[PDB]
Amino acid sequence: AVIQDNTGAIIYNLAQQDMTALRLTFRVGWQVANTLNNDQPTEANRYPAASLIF
Amino acid sequence: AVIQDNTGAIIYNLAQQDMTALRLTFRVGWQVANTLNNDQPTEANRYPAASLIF
Amino acid sequence: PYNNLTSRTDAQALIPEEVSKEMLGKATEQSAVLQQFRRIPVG
Amino acid sequence: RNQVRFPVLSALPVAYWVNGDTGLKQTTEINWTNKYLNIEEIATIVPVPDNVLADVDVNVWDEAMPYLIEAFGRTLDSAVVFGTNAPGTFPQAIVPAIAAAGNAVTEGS
Amino acid sequence: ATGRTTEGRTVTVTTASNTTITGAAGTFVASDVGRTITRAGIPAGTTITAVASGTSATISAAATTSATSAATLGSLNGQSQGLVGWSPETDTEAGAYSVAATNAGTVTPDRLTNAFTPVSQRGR
Amino acid sequence: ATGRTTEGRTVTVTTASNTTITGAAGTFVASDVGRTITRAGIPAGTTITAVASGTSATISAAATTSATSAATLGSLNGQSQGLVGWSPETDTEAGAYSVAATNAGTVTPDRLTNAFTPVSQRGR
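For the record, the sequence lines run as chains A, B, C, D, E and F.
Be aware that the first sequence starts at 274, since it is given in the entry's author numbering, and climbs by one per residue.
Be aware that the second sequence starts at 274, since it is given in the entry's author numbering, and climbs by one per residue.
Be aware that the third sequence starts at 13, since it is given in the entry's author numbering, and climbs by one per residue.
Be aware that the fourth sequence starts at 56, since it is given in the entry's author numbering, and climbs by one per residue.
Be aware that the fifth sequence starts at 2, since it is given in the entry's author numbering, and climbs by one per residue.
Be aware that the sixth sequence starts at 2, since it is given in the entry's author numbering, and climbs by one per residue.
Everything labelled a hint here was simulated from the structure, so no lab data went into it.
Ideal placement from N, C-alpha and C gives every residue a C-beta, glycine not left out.
Among the hints, erroneous ones may be present.
[Unchecked claim] In the BS3-like style, the derived pairs of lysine-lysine whose C-alpha atoms are separated by at most 30 Å in a straight line are: (1) C:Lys38 - D:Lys90; (2) C:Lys38 - D:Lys80; (3) D:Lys80 - C:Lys33.
[Unchecked claim] Rough simulated footprint, nothing fancy, chain E against chain D, three-plus residues with beta-carbon under 8 Å: (4) 57 to 67; (5) 80 to 87.
Could you put together the complete structure from these sequences and hints?
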């Protein structure tokens, strides 16, 4: 393998330099379901949570 | 049927345009039944309920 | 030539669209007066 | 898949008092829309000079793993609640959204 | 993706010292009649009485000053619009379906002309 | 919806009385080099030798006249592209995936840029 900077210069030749490397990956996403209700039809003014601040 | 504005212009020809429509109706009314009671015979000053206001 | 690629957009539509019903639907309040006042029929 | 769709309703009907017993009736319609959930990744790569792996006190991969897993955890949480570095494909982060809805309280009592 | 709604909104508007208001292109919309308008130099309780175009509208009392500034438009209860929330048709698209528009030969949303473009659906 | 293809096409093109050809927007594209070109005022067996813009190109021989006319661009065997058929990616957006383009931060034609837009299929 090889490793590059953003410009495309080779930073490491992982084989020629007697190195080793480990790679990790994951995939996710999230969403909030703040549907319309009668209690507050102004959507900009609904949120199903609140907070304490200073 | 046809659907009209208040001027008598037709908006939809329900038959020719291949459309369907649903009509709903309901009939009601209500009354208080405030009645002569010894504690307050002046009827203008009786009411069988009270409120909190601000 | 170099720079072949079977990109996501070139590979599109061999994959389906995906849809879920999980947050459709909505409960209702019951009316006040019909629940609280004394009912009477009328002709 | 890269995206998934949720349908949701977006308006409700209304009703009217009839004028007299003979006045003209009025219309309504009902309508829907949809939300999306968009997937994104997290990734890293760790290099080491392989002679170190022979000379070193103990198995460094086995020692490192919990701290890698913790980092993947923490770098998710901060991007969703506080909005750190969040990819534009996500909806707005929690704390900003709560502030925008006006749902914050100032501890003055 | 903009749609119709009962909601309030905020706009930059220019006043002449009379009945009449102006703004950037498409800042007003056909169903704004009956909303309350609350701006500096405008007397309290003023409402939109008519909209001439997305550029300009008329108000229930004379403006006290001529200036450009931000202003706020109220929500309304969903008696005047036949609706309470938000809907994907614009306030002009909703007019496309009448017998008059149809005998006049205008095009709705969809009624898709091109033979090869696949169907697609809106969001907020 | 236009993509890339190996099959030929017809175009309207202007000659200078030398090796230079010009035309309207999108009349030429980067993959056209090595195609044959067959028009009045052009000697037999002439080819596209370079392309400089969506509006201009260079040819293997001098045109004998200065005029504007319809002209035919030849098909080619699919050695100078990996593809033999048609693909939804055009020549420019097909370039987006390199390490250098990735460092320059150029968006791919399918990077979903907004949280609420759908993914959608292309057609011809």
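Taking the hints in turn, this is what the structure says about them:
1. Between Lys38 (chain C) and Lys90 (chain D) the CA atoms are separated by roughly 16 Å; this keeps the pair inside 30 Å, and the hint holds.
2. This hinted pair checks out: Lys38 (chain C) and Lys80 (chain D) have alpha carbons roughly 28 Å apart, not beyond 30 Å.
3. Restraint check for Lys80 (chain D) and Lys33 (chain C): not satisfied, since their Cα atoms lie roughly 35 Å apart, outside the 30 Å limit.
4. Here the region 57 to 67 of chain D counts 3 residues with a CB under 8 Å from a CB of chain E, which clears the bar of 3, and the coverage holds.
5. For the region 80 to 87 of chain D, the stated coverage by chain E holds: 5 residues have a C-beta nearer than 8 Å to a C-beta of that chain, and at least 3 were required.
The structure is inconsistent with hint 3 alone, although it conforms to all the rest.
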